[PDB]
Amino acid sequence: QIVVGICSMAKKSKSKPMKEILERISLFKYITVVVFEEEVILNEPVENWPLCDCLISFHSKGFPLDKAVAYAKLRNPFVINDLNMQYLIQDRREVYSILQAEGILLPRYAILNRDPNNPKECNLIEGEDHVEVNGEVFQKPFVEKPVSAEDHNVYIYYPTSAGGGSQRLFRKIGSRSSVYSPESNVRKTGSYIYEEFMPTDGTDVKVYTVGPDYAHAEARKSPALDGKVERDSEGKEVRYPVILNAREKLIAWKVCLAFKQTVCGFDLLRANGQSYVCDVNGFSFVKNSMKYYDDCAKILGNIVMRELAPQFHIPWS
């Protein structure tokens, strides 16, 4: 049997979408799935981790990515989502740098790197209705993102003409994804990316790749609007159907390959007749879609079989 090893925190490895996909990959005649226990990931040296031929592994909070990297170097499995790229995915500066290099449209942006021992010495000038970062002017509305992609405290600053203040976004707390604040001035500690605010119809397009030639997309209310989460009768967040256009399918192809993440989530802002990438999240599954579960498992299994059947002498067309 070809062994597909799953290496992530238990919250992820035991999530419903993970279980739905793994039960389906297990239906492949020549594939066995082995899910690495969290206690092993955290407490055992990599030399003791289960063997696999193909490794599906991804960082989330508390995950020892250094160990996953060392395991992959030690065992040389076929890696579905590249591990070293997952250090870069944690840094919004590195994400935007890769997107730029790939000719991918993204919001006009500037990086404010602030020295925590000399915080007033960074390249920031502030007006009541704009900031100037490294000399570049961003008129309000503009967006302020922590350089850490794991920090979801993204702020939007409203122009005086709209009443000023700001919208403070955060990891969804039950019924809310943002709150209005009267504060009009930008944060004065930390490093940030400042970006132009892209006007959309008030929704985000969420894209989920499984290899570069498959991408499921759906839309959700932007947390940049009022911040009240829309929920249906079953209690799940409202999603809107999306079909990606030719340009966006190419964006998906580029993102997947550029970040070397077979399974890759990213966000699009449909603004001014184009689509702009504002976020790349790496490993991410769609929830509550039986067709996605089917498709994703089939694609991943086929990828595994295509790559490894020859060395295993398994017939595969």
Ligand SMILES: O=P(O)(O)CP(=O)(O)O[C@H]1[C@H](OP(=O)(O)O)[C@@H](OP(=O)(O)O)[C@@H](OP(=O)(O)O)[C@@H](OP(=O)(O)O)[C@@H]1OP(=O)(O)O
The other form holds:
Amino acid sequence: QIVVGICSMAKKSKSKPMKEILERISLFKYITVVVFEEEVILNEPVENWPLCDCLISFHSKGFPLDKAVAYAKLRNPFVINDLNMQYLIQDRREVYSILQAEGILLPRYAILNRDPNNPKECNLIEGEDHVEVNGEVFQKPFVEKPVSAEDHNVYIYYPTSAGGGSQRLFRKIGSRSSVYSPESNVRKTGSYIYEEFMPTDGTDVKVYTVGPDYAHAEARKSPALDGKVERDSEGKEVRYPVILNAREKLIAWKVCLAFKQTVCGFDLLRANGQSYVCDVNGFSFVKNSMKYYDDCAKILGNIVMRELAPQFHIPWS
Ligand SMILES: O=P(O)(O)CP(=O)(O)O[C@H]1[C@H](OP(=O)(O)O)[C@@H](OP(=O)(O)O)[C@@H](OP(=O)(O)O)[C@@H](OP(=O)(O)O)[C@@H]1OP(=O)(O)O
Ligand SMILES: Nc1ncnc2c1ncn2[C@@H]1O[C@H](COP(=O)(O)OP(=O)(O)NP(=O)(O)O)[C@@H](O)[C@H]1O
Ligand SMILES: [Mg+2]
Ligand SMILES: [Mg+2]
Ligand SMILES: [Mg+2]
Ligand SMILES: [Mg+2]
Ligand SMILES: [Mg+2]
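Other form of same protein, the form solved in complex with the named molecule, not the form deposited without the named molecule:
All chains and molecules follow, beginning with the one already shown.
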């Protein structure tokens, strides 16, 4: 039996999408799934972690990525989502740089770094209705993102002609994903990316890859609108159907490969007749789609079989 090991925090390992997909992967005749216990991940040294032939492992808040890398280095499994890239995925500047090297359209942007110790003369000039970041001008509306991709306190600043102030986004709290603030001045402590605001129809497109030739997409109301979350009779956020065009399927192919994340979530903004990547999240499952569960488990099982059946002397086509 080929062992597929699952190494992530329990909140992810025991999530509904994860349990659904793992159940289906276990249906493969020659595959056994082993889920690493959170307590083992945190408290046991890597030498005591279970063995596996294929490792599916991914960082989220509180995950010891250092240990996961050390484990992979030690046991040399077939890695589905590259671990070293997950350091870069935590930094929006690194994400953006990769996207650019790959010829992927993204919002025009500029980085404002503040070395905390440095004599605080930032490369930032602020006007009533714009900012200048290292000489580059962003007219309101513009977007201000913390350089940490884990920091969801993304602000949007409105022009005086729309009444000024700002929209402060955050990781969803029940009925709400953003709130309006009368504050018009940018944040003065921290490092940020400033980007041009891309006009969409009011929805974000969320893309989920399973290898570079499979991508499920769906749309949700942008948090940058008013911030009221739309929920269904079951208390789950309303999603809208999406089919990616040829250019977008290519974007998904590139993102998956460039970031070496077989399973990869990213967001697209459909604006000005094009599609812009504004965020690459790394490992993420589609939630509450049974067809996704079927597809994703079959693809991953097939990836595992194709890669490992030969050395295990197992018949595979
Ligand atoms: O309890 P609620 O409000 O009904 C759902 P949440 O905001 O608590 O979960 C989100 C989760 O948020 P949370 O941390 O609150 O579980 C976050 O995780 P985080 O990035 O670690 O915060 C992501 O989970 P993944 O790790 O699966 O990507 C999100 O997945 P997407 O990016 O939207 O696909 C989840 O959003 P979902 O799609 O479930 O609404
Ligand atoms: N350049 C932009 N133009 C217009 N809207 C934007 C832009 N960047 C971000 N937004 C909106 O702000 C939301 C949050 O931005 P994003 O870069 O996805 O932050 P995040 O904190 O990484 N979110 P998550 O998907 O949970 O990781 C997006 O889904 C868009 O609706
Ligand atoms: Mg099995
Ligand atoms: Mg994540
Ligand atoms: Mg939550
Ligand atoms: Mg996003
Ligand atoms: Mg993100």
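Numbering follows the first chain given and starts at 1. Here, rigid core means the biggest group of C-alpha atoms that superpose within 1.5 Å across both forms. Residues that one form lacks are left out of the comparison.
For the listed set 135, 119, 103, 202, the sole C-alpha moving 2 Å or more between these two forms on a rigid core superposition is that of 119. Once the core is aligned between these two forms, the alpha carbon position of residue 235 differs by 1.3 Å; this is the C-alpha shift at that site.
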